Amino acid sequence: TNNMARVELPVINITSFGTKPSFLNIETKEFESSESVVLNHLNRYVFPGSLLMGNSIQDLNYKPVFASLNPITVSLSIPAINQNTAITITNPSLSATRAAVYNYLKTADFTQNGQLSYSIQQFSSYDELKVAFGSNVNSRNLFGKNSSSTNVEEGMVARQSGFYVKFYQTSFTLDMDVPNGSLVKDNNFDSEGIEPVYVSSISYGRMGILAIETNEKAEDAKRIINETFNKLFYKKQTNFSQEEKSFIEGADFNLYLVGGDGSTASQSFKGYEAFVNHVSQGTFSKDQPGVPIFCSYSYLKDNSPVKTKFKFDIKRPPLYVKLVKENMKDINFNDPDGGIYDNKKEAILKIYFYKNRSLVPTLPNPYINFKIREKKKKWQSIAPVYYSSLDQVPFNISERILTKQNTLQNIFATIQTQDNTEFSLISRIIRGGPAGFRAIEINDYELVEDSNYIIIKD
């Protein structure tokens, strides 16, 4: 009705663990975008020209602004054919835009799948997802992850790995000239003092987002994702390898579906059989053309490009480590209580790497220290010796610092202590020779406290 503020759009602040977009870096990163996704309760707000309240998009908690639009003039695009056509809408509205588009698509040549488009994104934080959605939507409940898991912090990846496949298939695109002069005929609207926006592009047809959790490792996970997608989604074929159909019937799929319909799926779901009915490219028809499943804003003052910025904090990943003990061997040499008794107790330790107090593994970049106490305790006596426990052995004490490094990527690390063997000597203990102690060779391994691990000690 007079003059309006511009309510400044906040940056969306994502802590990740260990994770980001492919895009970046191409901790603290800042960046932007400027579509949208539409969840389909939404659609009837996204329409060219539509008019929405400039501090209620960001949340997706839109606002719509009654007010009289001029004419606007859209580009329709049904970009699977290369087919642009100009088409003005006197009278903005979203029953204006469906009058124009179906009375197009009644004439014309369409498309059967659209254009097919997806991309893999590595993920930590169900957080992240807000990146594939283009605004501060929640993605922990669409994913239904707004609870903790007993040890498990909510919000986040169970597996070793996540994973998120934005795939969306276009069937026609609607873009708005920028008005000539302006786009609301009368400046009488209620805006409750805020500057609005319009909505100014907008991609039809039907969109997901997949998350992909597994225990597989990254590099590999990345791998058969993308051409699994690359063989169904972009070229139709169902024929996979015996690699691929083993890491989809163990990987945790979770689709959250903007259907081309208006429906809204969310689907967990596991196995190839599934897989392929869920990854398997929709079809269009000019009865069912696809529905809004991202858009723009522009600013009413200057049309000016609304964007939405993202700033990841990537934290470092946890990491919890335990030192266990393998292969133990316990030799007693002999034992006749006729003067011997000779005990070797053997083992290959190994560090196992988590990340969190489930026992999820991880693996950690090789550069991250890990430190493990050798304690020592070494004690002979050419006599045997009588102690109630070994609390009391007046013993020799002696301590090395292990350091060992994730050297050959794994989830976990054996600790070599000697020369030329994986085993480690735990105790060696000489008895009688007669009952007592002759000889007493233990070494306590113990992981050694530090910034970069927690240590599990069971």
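Only the largest set of C-alpha atoms that superpose within 1.5 Å between the two forms is called the rigid core. Positions refer to the first chain, counted from 1. Compared with the form deposited in another entry:
With the core held fixed by superposition, the comparison between the two forms singles out 368 as the only member of 368, 257, 218, 120 whose CA moves by at least 2 angstroms. Residue 237 is not among the residues whose C-alpha shifts by 2 Å or more between the two forms once the rigid core is aligned; its shift stays under 2 Å. Relative to the superposed core, residue 406 undergoes a Cα shift of 2 Å or more between the two forms. The Cα shift for residue 336 between the two forms, taken after rigid core superposition, is 2 angstroms or larger.
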Contents of the next structure:
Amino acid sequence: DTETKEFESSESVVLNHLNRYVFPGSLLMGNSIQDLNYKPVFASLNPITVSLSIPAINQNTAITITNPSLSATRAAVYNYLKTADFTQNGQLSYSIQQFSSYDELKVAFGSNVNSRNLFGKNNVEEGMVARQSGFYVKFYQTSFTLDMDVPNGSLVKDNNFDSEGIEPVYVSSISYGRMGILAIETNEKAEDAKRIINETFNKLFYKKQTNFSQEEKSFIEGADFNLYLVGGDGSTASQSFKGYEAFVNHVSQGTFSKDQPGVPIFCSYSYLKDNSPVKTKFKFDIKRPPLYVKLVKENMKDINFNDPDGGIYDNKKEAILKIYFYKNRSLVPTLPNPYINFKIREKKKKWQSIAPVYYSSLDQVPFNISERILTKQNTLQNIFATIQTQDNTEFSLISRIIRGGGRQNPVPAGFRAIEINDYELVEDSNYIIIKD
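One more: the block was the form deposited in one PDB entry; return the form deposited in another entry.
There are no partners or other molecules in what follows, just the one chain.
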């Protein structure tokens, strides 16, 4: 049981192991950019004119690459920056979004990249956020950008090239600098997590401060972090840590220079055919995670109405039945999923006799048995739900035993009436029962 999700991207995050294919005019297979399995198309390329923008200082220029290539692009940029003003920290930006599956981070990367495998995932719970709440933070510093002009005709010189009948594409714009995508898992509630996360990032990443409150410090020390960073310091896979000082080192601004001016962090593509912009429509399915339910008795009351002078002892046991919902076996609370019908079995054991019957055990009583199933639905407002079994009360009778021999032989023995109700969850295809 999955959830299909569709998004469209005109821009892709450049993974650390692929930045060699990302430069202005880089000609690639039209079917190799969606899964980041870049396949260069070998062709003779014409000169290109690209606009170099340093948005942190609000400056722009125009460099020319006669023979498009990564080396010519590196040489062109440096030989401009070595004579011009540049930036140390670039243009900062971050965006905070909640997520439940690491497959949803595909959208943050703007491609059909195996995001869960990239973040160390890959039951379906393996690719699911474990703690109460999950948020990812896409933060980046843009040092400079390269944006091609529309070619005057074709970017290619000769149409004699092997693209395997696939209409090729070429890298038409690139943004350079440093980018991280930080997954955060907190047992805190989402409203509080989102606020604490925004507050701590405006402090460290933006303002470079570290005067966190104890609330924010406790959030950091108790949160699970998993970062994928694109940069000179970037790994090919994510990195899972759990530390404040580790949090402060990683979320901190990076530095740029004329010798290290930033790596390709995201890029856009055009078609070689008509020089039109490229946009991909993606579709991925999120396997719905399981629902765990536990039946519990609460507000339990054991009442004894005893008449030792008349040899009658009435013991009534009661409780409020309650089902609790969880997203995993670690009892992380969750709001129930819509349209699940929670089923509770009531097995009743009833017996009575006008005259005391001296059974040595309740396993000897000839009980009259009856069973029914209660059904609870539409409970999507709380991480638990009360199970009503009677009229005019949230309490359910667990036990009701009256015994005794009467005024004559006023012993606490014999049996006059027994009613015993046993309760359990009924197996369903939409939830897994947890019974202690």
